[PDB]
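Engineer: Based on the sequences and whatever the hints tell you, model everything.
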Amino acid sequence: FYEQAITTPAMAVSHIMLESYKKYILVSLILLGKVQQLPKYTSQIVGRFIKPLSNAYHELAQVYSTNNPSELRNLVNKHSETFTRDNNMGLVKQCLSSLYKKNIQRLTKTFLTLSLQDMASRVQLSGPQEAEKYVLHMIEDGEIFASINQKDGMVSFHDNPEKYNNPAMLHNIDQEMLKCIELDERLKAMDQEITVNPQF
Amino acid sequence: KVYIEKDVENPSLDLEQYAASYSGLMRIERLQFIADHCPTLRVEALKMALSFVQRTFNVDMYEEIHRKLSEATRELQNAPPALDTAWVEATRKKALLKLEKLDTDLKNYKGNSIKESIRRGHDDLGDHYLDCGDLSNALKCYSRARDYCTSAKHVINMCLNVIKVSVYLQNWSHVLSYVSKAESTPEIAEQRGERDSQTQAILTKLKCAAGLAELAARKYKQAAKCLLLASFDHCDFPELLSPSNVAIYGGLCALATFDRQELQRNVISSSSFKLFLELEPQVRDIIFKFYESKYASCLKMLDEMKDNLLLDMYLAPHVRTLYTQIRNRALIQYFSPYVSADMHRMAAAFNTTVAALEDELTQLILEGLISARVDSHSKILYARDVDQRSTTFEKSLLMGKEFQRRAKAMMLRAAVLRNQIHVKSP
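Chains as they are written, first to last, in the deposited numbering: chain C, 204 to 403; chain A, 70 to 149, 160 to 505.
You may find that some hints are simply not true.
As the list claims (entries may be wrong) - Pair ranges (Cβ atoms, derived): (1) C/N291 to A/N430: 51 to 59 Å; (2) A/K298 to C/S223: 40 to 48 Å; (3) A/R463 to C/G293: 38 to 46 Å; (4) A/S222 to C/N277: 55 to 63 Å.
Stated by the list, open to error - With a Cα cut of at most 20 Å, we get these calculated PhoX-like pairs of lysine-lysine: (5) A/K487 to C/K382; (6) A/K75 to A/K137; (7) A/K487 to C/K243.
Just so you know, the hints here were simulated from the structure itself, not pulled from any lab data. Note that CB positions come from ideal geometry on N, CA and C, so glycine has one too.
Structural biologist: Structure follows, in structure tokens:
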């Protein structure tokens with residue numbers, strides 16, 4: 204929603220729109236495994252004026268590559284004015300969540316299993332038992348290839364995104380079907396109306 | 070072009086035979102430079118260098134060198160110099176008046192008013208600029224020299240003299256353009272075939288130039304393309320490269336650049352380089368059993384000549400690049416056939432600690448090509464996976480989702496545009 208509306212012809216800047224691009228930063232960095240770069244056909248003065256207004260935010264984007272608690276703490280204290288400006292309590296540990304996103308995602312394609320005590324040592328993780336705790340909520344996140352070995356302390360990856368083998372696959376694709384269907388439907392409808400253009 | 074550079078020092082030189090090898094400006098240049106990160110062997114390097122300032126006498130560099138001399142001498146005096164500086168100043172005035180001698184000569188020869196007289200004027204002008212170690216206006220003559228060359232031998236003259244300049248001029252872009260020229264541009268096949276399969280290949284000098292280019296230019300592909308092209312029958316240039324450095328330099332630019340097949344062709348079926356081949360038995364069997372993969376002692380002498388490539392002025396500036404891609408391609412070499420990377424004996428080979436081993440590997444993870452994972456308790460990888468079809472599936476769906484995303488985006492974009500929509504400035 205943000206990006207599709209922010210390429211709109213923009214010449215008036217708003218701290219409202221500042222909260223907009225800030226929260227967009229929040230998602231696009233936290234929500235992603237790394238940074239997004241956008242279709243840069245947004246405002247002339249606005250998109251390029253708030254862009255230095257996004258000084259701390261580009262640097263914090265770099266921070267997404269950094270993995271340092273103290274600096275992000277300091278910047279959070281800086282922007283706490285925005286952190287709670289609309290009862291948006293929790294944005295900082297949203298950032299921390301993106302942090303452990305990076306942690307776990309790195310860990311993802313590394314290996315099959317480690318000394319997960321030693322891995323918690325590895326990944327700046329705050330608690331080995333705790334480590335499996337958020338691992339297992341990733342299991343509530345339903346994504347992880349991990350597993351619960353109290354005895355051997357073993358967490359493996361299991362590499363089953365899909366085995367291309369489903370009526371479920373059929374459902375994914377039928378979704379694709381009807382979606383693209385109506386997509387092309389309004390393509391043809393809007394084309395149709397382009398036919399309605401006057402003497403030209 | 071000095072990199073700070075730490076030590077730092079390697080005792081693995083013999084400078085007497087280096088000055089036997091190299092000469093001129095570059096001689097004392099590397100003398101200085103090596104001495105810098107080679108203290109106390111700094112000593113004799115700089116001693117013989119300054120005596121080379123007693124050789125055609127650039128005594129400005131004498132000033133610099135005895136400056137360093139007394140500096141490190143007093144610094145020495147913790148441990149435990161005496162020099163004929165005044166007579167040096169006398170001979171200095173001698174040199175300067177000889178400068179004036181040849182200047183008067185120069186202007187005489189200006190007055191001669193002969194295009195070939197003009198050309199030899201350029202020649203000898205740059206000559207004495209070389210002589211007393213101050214070089215500037217020399218270039219002008221050679222900067223002027225091209226305006227006096229028309230014929231094929233005139234092309235020969237312009238090219239070889241501009242680049243013989245560049246021996247200590249040492250400037251790529253224009254002079255590399257003229258390497259390209261003098262090999263190709265004038266009188267295609269050069270009207271001389273570069274000496275018709277050039278007996279003494281100044282092509283070799285062209286090669287050295289472009290090789291240092293893609294040293295700095297770092298496009299080492301054509302670098303090694305020329306490095307293989309070593310043609311012994313040029314047979315002489317003390318400023319060209321020491322055949323030790325010649326072969327090591329070239330072949331290791333290659334050993335960075337290559338893919339194994341044509342390079343073994345370049346190496347095992349190297350013929351033109353075979354003398355250059357047979358120069359360093361060290362680096363020869365180094366790369367031999369490297370491709371044969373005795374990684375342990377290969378890497379051993381690798382980072383043993385660490386210090387001596389450092390001892391190269393020109394191997395120093397890319398030691399990290401080299402050793403980087405070296406151990407990279409060491410990986411690339413052995414790892415490719417396997418399916419599950421066991422480490423134990425293999426680590427016994429590479430001589431990296433189990434953690435350091437696997438963190439090398441972790442690095443590898445950062446870029447690596449195999450869909451591979453490790454039971455650390457295996458102390459062993461399993462390498463890349465199997466399917467690419469389903470991979471295509473997932474990329475397909477990612478495709479489609481962002482497609483529909485863009486599609487709605489552009490629907491709404493048609494709205495915002497055709498709904499007049501924008502943002503005013505205030």
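Engineer: Does each hint hold? Answer for all of them.
Structural biologist: Hints versus structure:
For the pair C/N291 and A/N430, the beta carbons lie near 54 Å from each other, so the given range of 51 to 59 Å is met. In this structure, A/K298 and C/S223 meet the distance hint of 40 to 48 Å, their C-beta atoms being roughly 45 Å apart. Our hint of 38 to 46 Å for A/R463 and C/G293 holds, since their Cβ atoms are close to 40 Å apart. At about 57 Å, the CB distance of A/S222 to C/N277 agrees with the hint of 55 to 63 Å.
A hinted pair counts as satisfied when its Cα atoms are at most 20 Å apart, and A/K487 with C/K382 qualifies at roughly 11 Å. Note on A/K75 and A/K137: the hinted pairing holds, with a Cα-Cα distance of about 17 Å set against a maximum of 20 Å. The hinted pair formed by A/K487 and C/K243 meets the criterion: a straight-line CA distance of about 18 Å does not exceed 20 Å.
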